[PDB]
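One chain comes next, on its own, written out as structure tokens in the form solved without the partner chain.
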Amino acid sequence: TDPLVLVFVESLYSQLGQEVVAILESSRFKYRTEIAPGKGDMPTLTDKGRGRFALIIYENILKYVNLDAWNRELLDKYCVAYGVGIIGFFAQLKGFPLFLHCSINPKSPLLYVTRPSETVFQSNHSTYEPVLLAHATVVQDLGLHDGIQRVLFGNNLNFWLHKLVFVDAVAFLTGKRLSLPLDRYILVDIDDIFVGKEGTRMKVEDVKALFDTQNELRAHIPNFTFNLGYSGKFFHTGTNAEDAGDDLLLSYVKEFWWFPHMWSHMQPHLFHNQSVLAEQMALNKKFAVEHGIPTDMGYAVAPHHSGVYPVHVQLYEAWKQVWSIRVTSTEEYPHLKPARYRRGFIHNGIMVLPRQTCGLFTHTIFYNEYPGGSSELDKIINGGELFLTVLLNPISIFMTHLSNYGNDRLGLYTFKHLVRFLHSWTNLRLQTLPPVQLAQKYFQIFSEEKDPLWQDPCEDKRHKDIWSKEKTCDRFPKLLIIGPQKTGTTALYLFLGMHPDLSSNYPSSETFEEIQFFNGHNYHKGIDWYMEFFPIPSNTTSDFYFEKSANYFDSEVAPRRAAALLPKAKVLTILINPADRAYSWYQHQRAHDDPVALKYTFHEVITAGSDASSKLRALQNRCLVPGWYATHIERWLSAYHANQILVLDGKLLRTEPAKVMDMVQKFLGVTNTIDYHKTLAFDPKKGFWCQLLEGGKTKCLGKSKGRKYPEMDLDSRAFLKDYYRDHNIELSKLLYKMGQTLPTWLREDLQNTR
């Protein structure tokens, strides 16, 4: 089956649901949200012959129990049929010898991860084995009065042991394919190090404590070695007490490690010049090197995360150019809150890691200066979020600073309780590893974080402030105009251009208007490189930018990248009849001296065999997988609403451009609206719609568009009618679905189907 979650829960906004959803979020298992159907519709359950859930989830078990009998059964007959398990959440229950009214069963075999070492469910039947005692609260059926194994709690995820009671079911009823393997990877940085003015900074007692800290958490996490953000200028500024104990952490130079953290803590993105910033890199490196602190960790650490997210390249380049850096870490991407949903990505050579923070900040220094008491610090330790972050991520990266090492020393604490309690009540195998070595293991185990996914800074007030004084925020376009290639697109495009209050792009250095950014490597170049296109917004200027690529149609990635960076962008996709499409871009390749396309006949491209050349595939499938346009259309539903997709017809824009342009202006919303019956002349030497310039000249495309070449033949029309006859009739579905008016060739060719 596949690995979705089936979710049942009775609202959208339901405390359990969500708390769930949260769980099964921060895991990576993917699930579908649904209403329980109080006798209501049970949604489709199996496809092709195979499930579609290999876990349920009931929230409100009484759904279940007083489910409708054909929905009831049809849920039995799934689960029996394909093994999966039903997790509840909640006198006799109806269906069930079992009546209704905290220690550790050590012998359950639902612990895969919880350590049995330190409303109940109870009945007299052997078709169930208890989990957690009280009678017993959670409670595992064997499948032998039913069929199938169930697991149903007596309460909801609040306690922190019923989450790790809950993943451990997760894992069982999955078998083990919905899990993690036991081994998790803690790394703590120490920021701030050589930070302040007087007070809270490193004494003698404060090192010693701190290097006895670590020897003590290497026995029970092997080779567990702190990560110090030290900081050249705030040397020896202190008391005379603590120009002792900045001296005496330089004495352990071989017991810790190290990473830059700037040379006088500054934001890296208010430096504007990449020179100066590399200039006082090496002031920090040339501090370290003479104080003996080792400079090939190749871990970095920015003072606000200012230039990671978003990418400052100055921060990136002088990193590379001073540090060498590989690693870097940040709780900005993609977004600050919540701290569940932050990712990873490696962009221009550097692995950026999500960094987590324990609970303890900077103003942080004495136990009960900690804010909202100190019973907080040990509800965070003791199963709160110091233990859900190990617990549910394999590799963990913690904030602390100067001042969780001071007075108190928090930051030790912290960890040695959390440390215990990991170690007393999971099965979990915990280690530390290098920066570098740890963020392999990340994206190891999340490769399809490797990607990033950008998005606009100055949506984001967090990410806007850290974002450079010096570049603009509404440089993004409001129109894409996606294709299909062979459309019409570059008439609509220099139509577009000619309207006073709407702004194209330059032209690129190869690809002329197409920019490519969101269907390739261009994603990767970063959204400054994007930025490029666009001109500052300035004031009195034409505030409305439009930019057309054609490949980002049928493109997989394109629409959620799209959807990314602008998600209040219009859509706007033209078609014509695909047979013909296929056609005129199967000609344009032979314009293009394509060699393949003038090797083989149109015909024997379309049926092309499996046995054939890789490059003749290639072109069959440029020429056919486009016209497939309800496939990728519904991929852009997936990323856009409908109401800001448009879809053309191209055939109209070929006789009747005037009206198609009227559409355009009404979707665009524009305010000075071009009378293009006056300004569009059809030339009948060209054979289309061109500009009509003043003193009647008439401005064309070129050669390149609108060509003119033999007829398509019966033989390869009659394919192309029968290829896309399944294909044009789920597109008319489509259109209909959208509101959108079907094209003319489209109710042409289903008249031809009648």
Given for the second form:
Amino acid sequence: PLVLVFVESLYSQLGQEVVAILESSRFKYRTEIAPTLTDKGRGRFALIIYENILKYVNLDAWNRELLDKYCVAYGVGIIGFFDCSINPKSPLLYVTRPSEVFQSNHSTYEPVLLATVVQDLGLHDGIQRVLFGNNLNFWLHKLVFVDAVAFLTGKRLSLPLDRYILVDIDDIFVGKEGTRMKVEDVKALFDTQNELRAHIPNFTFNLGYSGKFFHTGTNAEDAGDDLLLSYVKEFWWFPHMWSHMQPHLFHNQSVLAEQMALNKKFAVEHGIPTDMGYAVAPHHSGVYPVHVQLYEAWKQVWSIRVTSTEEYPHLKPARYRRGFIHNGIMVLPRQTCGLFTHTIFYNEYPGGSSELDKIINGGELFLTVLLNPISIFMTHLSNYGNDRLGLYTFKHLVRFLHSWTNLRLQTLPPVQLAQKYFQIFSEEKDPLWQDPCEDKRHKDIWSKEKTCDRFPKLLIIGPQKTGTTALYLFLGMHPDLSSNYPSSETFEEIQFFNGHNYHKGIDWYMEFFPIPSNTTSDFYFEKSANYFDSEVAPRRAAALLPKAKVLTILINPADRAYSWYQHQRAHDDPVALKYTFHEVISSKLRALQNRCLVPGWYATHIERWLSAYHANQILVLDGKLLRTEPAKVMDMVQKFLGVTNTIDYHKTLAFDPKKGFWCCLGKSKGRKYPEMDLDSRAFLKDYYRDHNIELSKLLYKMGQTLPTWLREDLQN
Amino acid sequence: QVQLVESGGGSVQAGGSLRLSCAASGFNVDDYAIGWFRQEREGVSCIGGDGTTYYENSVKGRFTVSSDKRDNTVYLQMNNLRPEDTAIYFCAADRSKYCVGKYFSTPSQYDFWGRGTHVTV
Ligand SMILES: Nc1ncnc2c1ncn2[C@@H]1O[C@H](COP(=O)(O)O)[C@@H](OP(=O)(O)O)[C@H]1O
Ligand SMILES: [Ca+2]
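Having looked at the form solved without the partner chain, could you now put up the form deposited with the partner chain bound?
Now the full complex is given, and it begins with the chain already shown.
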């Protein structure tokens, strides 16, 4: 269900608002200015937004005919963009509840928002239109925009009405004198949780205690918080460290476990239930990027399955904040709530108290609950102690939410919240790793013992049986270049970005490349042969290594498939030995034919790697030239990598007729097999014709010289 | 209480220099982003918590933002002043002190703002 957006400008703010609501809703958008509408009998776009609807009115007439034809044949709706009251009888209303520009006398439209936003009926021209008067600044306009995307795709681009709010009270028992609570604030906190249990079912506050700085303030405040020792059954609690200290500053698992065990002793002596699988780091230190010892010490002494951070994948914008299941702990995005540690009074809020009243009545709070199914809110003790700011913000937030939305607001315990989060978003179960040094806030979150820039600058992708390990060796000969360490059984393959090794993490990948120094070479590389045909490898490789270079070599795909077939014949694999090559071109036969022929389709893999990496970073050679004259092609690689010093490869690469190749790895790269049969060569020349044609057009598109075998296959 | 107070105004009308002082009362100025926004709001400058400095292309050879920890005040030493520069300059605080080049111009990146002061060029 791709959705096509037609922005008026690339820097237009309404395009950022519409794309912002679509990225907050995880709806897969297509950015375009002022194209092909179908993809071989299936619709390419499920919904259209014009950010300027006058583009559609003044459209090209043939293209308008194709647009209206594609809309009526596939049921595609168009969203337009040029006090406020909600229509109770409107079919647009799915999330919006009726509580507290465009004029047509003929009944051909539904006035959903009445002064603004209307829903034109589908029977006028076969297409459905939802038209917007103003932009997406008011919160009711964003509410009816979510309802507009919901109805026009037939609830395909929508979310369920069940909505989930977790409220964390961080910084409990941490403040100095004048910021902590007394008996009045604890009693008002319990009374507020009674009324919010009346509003939201099982709304119980989650409290981030710190046990060291309890019993150290005012004894009147300590007797003021002694009534919270009588109030333990009616409150949820999560550990927020003993001394509110950042977990990456410890950089030892054991002393962090002693701090968490001191908070565990505090939880036992208070009457706190040692349950619920939830805890949050103080400055979110160690959650993204992953400090392994925080994740290990969390589940060791607390059974943490859920944490929540705002650091993934970046701190700002909050629309991009995803969750990820790494190291057995299902991380969730955290939300800011508008409440901070410096806010202790209603009067001393930044921008006045009215700015808080915009944040409650339609700010980051309300669009956070509307656009996210799971919303974990951060509040601090200073918002509960003097003017009771968090009591104010949630007594007004759930009143606003139950007034204007018909959402099923339920507070489950955070294990059920994390299970619901990864049931709704199953694509976010895999983490997407990024560079810790690239964002300096993440580097502050990253531990100081971990050395920066331990990553490759070149990716020698495959495919297999082409000559990639000889190119790996010859790039290893250069003093300015340093090869990767061998990764145990897989050797010079790390197979990080394509397999299950991506779930091991950044620090597993960083161990193969040592610490940069004056003695060690700066430029680093790995040969990664399975990353060619893999679909998951280029996007993750562009995520972690944005400025890396891509080096592919390509030989004749009939001979590549033949050498791959003889490679599994020489590895004594039973299906490839059992059937001859004519039968190849059971499930093992189909798997062998798929990994023998889909690696031969060079264009479909170079499209993925070119969608990830820039074509300046991608360079393609001949491969047979690596067997005939390798010094000129190695001079071309040395010009490609941008190195300063240059090795004269004419004199150090010596031809060996005893091996048949310029030197080498001996028997494994010097195999001698009988030549391909003539009927098999006719079948494999006939099938590798169209793949060679789009391959030749692709290599002319890339600004690359075409190989020899491609030119004789194009001529014959 | 986080408060941002700014000052500085006028110019030599064909082009001159100023040092707009944004005082950060109630919090530390080396812990936040303190990016300057001119009027919608355009983020022409940003000064990171380690001192890392970003500009737009109109202001890249001209403006010089700076920071001083001692009076807790971020300064904007302006130079070679074009008539397009006249606006309301907003020193805005952000929890991420370090600036990123995609988002140091966005007003949605910056949480707590200032009163704003006018430069007339
Ligand atoms: N200089 C060189 N040294 C060794 N093998 C080379 C080579 N140039 C090309 N090759 C080829 O590289 C192929 C293996 O490619 P890869 O690097 O992906 O393992 C070998 O096919 P064979 O193993 O069938 O003899 C061999 O023919
Ligand atoms: Ca805290």
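What we label the rigid core is the largest C-alpha set whose atoms superpose within 1.5 Å from one form to the other. Positions refer to the first chain, counted from 1.
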The residue to pick from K599, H145, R420, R340, given a Cα shift of 2 Å or more between these two forms after core fitting, is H145
